[PDB]
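Below, each chain spelled out in residue letters.
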Amino acid sequence: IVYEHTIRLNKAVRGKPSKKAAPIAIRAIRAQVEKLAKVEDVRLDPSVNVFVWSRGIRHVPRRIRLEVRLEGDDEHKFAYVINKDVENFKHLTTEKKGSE
Amino acid sequence: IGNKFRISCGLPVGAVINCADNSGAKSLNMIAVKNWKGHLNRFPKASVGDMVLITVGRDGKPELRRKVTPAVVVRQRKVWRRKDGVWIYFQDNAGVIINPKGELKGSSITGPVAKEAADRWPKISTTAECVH
Amino acid sequence: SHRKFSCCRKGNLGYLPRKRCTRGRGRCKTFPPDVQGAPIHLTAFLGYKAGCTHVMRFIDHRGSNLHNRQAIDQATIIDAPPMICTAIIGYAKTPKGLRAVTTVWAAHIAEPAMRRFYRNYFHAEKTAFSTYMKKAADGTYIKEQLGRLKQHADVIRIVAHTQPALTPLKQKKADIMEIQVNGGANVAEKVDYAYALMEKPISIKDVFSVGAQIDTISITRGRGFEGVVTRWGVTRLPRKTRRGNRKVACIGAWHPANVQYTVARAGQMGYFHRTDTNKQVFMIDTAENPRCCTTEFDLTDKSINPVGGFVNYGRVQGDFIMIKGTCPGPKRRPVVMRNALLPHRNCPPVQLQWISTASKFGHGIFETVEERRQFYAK
Amino acid sequence: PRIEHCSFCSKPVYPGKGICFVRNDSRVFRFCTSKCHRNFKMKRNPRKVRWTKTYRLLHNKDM
RNA sequence: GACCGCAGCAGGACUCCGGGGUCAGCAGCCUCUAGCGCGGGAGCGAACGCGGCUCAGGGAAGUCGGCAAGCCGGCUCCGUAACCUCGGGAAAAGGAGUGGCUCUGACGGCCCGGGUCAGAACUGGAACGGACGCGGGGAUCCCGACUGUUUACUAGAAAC
RNA sequence: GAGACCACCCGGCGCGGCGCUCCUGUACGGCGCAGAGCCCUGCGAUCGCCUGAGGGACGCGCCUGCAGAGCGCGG
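Chains as they are written, first to last, in PDB author numbering: chain Le, 3 to 102; chain LW, 11 to 142; chain LB, 2 to 379; chain LX, 2 to 64.
These are computed hints drawn from the structure, not numbers from a lab. Take the hints with a grain of salt, since some may be wrong.
[Said to hold, decoys possible] Label-pair restraints from in silico Cβ distances:
(1) LX/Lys49 x LB/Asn313: 36 to 46 angstroms
(2) LB/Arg244 x Le/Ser56: 43 to 53 angstroms
(3) LX/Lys42 x LB/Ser65: 47 to 57 angstroms
(4) LB/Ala166 x LW/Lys55: 21 to 31 angstroms
(5) LX/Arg57 x Le/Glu42: 55 to 65 angstroms
(6) LB/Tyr133 x Le/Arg16: 27 to 37 angstroms
(7) Le/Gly74 x LB/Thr128: 39 to 49 angstroms
(8) LB/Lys97 x LW/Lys55: 29 to 39 angstroms
(9) LB/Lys136 x Le/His78: 52 to 62 angstroms
(10) LB/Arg244 x LW/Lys55: 25 to 35 angstroms
(11) LB/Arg244 x Le/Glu97: 57 to 67 angstroms
(12) LB/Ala267 x LX/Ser27: 19 to 29 angstroms
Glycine residues also receive a C-beta, built at the ideal position from the N, C-alpha and C atoms.
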């Protein structure tokens, strides 16, 4: 089950100090995946970390698209969030790739 | 003359306003405003059409200076709201020396003069070239 | 010693205690004088502030510099989804003071009104007026109860519910208000008038007329814990002062040994029930009419909706009342409008030359989407 | 309604919107917005700002 | 980074070697090498503080006092007053220019080097020391000629 | 819409799209006999067109996508 969702990180740091933007952004990615995944464990590929910090700790990209897979077993289902680089974030919305 | 609708007062006391008349004064220092009751700590304030007690600056002709003179502010840099909703402001703050009776001390009022100043004081209205 | 220079107190002690309003919405409290000789009229109506606008007006105020002259004023649109009566409450005048003498509820109470009864409708058991519906339905019980009101009641009130589905907000649960019935020749006529309005819609047009002045009641905009300088209006002290200049310096003398309630102290500013008064009703109309707010000079259909929608409010699909100036409260807040208790005698007559439907979101120059489309054309 | 245009922008000021400046040449300069006014007070040329009808005229996009 | 101050004490400790760019610079501002992430973290984004910005119109009317802040400033080129122990005053005051591109002259050695100084065009919302660095100025009066020195830790002075 | 914490007010929320409106001021790139000139088809600060463009939005309208109302606790 591979969810495909975009997240606007500009909307995430709204209300928080610019110096801690990228750390706040990473937390938002964990929290906003948890809402989609419905499972608590979220592990983000190092690629997701590099993208959020591409333009520094104060000017995180305005939007990031993440492909998240829910692979897990023995009740510890976890979501593995990767970074999908998109030229256009225009007509982009949840695009789950099937189930199980 | 008549009743003046409140306009934002842009020139506090200590303001120096230009002279718009050929009286021979160039700069007028606002000592006070006529009809002002005060509140503790509040400097007197004045706007277009209000009589202000002024003193002529050192640049002025000797006869005019060293005495308090009454004048009416005719131009105000601060924007003000007329009842119709018009917000109007002027390039400079200027005044014309006029006795409380309403006799101008000057033959001509140079430059634009505000409508409010012109209605309240009749002699300013005839003399002013334009009432924008 | 003495203050030396005379200065007034800062703030109205009448408006103390300055606490967040515990009452949920602005309450009518006192209602207009009955008169005892007028067509029976309801005296109040709830509204949700929709927005503010500009209205060009022609002034007929004799003796004023504005006579025979145009003016532009702040208007405040109060969205008015039509209310529905759900009950009638009668009140005996007792020595202790007005005390209720029983209320007769509607045979059928609407879901919005029922939603008000519960904190969570989905998880509740919907057990409201369950045995009441059976006791009524036939309606013989309702008439018997209404008859008890006719003899034992002197002040009659109508309970009414707003429907928030036809309003852009997410309240979903209804707001209930006891609107007084005034002016009828006698109490028996008053309750008869009430039965006709029962379980049927009431519109602002019936309650208030253009040209009348109404008193607007609502909870004010909340600023949270504020400093004395913002909350009570005091001076920011000299900027050469240690420990801060945003504080009243001395809060009392040696004696009285206690801080007096007069002295300004820092607390909650905002969310206060306040009643404004004598705001003239410029225009009552429905947004369903395309030409509802059109005037002869514009020559455009001009509905009440600004281009891009009211800001922090939405569709205003139904009827609306426009008041002169401002009413207490932020946009999206319930505001009880009540007939004036003391109207201003020398108010001019309202004739609106132009209304502004230019977008309030940003600065608008086009009053219709078609008008903005025409300008940008290609 | 009665309408005026910006002396700089050349867009119809709607009634009740805008600021009017009386210049020392006795010329009223009506300004639609604060931006209309600020460009004039920096004497920045009207014909080098594209949104202005003056530049629309120069491009010949709107004349 | 271990010394000395009761501490893993924004305290105090003497040397030696000292890259690049912008620059008059060993200045400020970013960087290569090399070091490295410091008595802890999360939230919320009240009052009030503490540092930092901006503010219409007026402008010291505020105050014991313009305290604090603001102005000014780099370079080139004009233009510089009273006064003077003739050295100074003086950067007096008071102005004008300054960017990018495209060129054109100057200046050596014997076709080979320097990159500074002039002079143009042309271009840009009416902009250029575009960060940074970096006097506000004048008129007087009293003391002490001056550079110096001074009560470690409330007087830096007209005192020595 | 309310707030230090609480409380208050409202609730199958929200996320991220799409229109509308608005902010700024005409996006990258491609094109030109633009361009002061210089020099070989090279160079060039810039300028005009595609473009009141593009980029952005915390206001509105909608779902077109994912979702969203605890047999959690207490009575």
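Hint check results:
| no. | hint | verdict |
| --- | --- | --- |
| 1 | LX/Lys49 x LB/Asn313: 36 to 46 angstroms | holds (38 angstroms) |
| 2 | LB/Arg244 x Le/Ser56: 43 to 53 angstroms | holds (46 angstroms) |
| 3 | LX/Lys42 x LB/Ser65: 47 to 57 angstroms | violated (36 angstroms) |
| 4 | LB/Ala166 x LW/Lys55: 21 to 31 angstroms | violated (52 angstroms) |
| 5 | LX/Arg57 x Le/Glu42: 55 to 65 angstroms | holds (58 angstroms) |
| 6 | LB/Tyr133 x Le/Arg16: 27 to 37 angstroms | violated (49 angstroms) |
| 7 | Le/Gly74 x LB/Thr128: 39 to 49 angstroms | holds (43 angstroms) |
| 8 | LB/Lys97 x LW/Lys55: 29 to 39 angstroms | violated (54 angstroms) |
| 9 | LB/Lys136 x Le/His78: 52 to 62 angstroms | holds (58 angstroms) |
| 10 | LB/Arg244 x LW/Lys55: 25 to 35 angstroms | holds (32 angstroms) |
| 11 | LB/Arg244 x Le/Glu97: 57 to 67 angstroms | holds (59 angstroms) |
| 12 | LB/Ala267 x LX/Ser27: 19 to 29 angstroms | violated (53 angstroms) |
In this structure, the hints that do not hold are numbers 3, 4, 6, 8, 12, in rising order.
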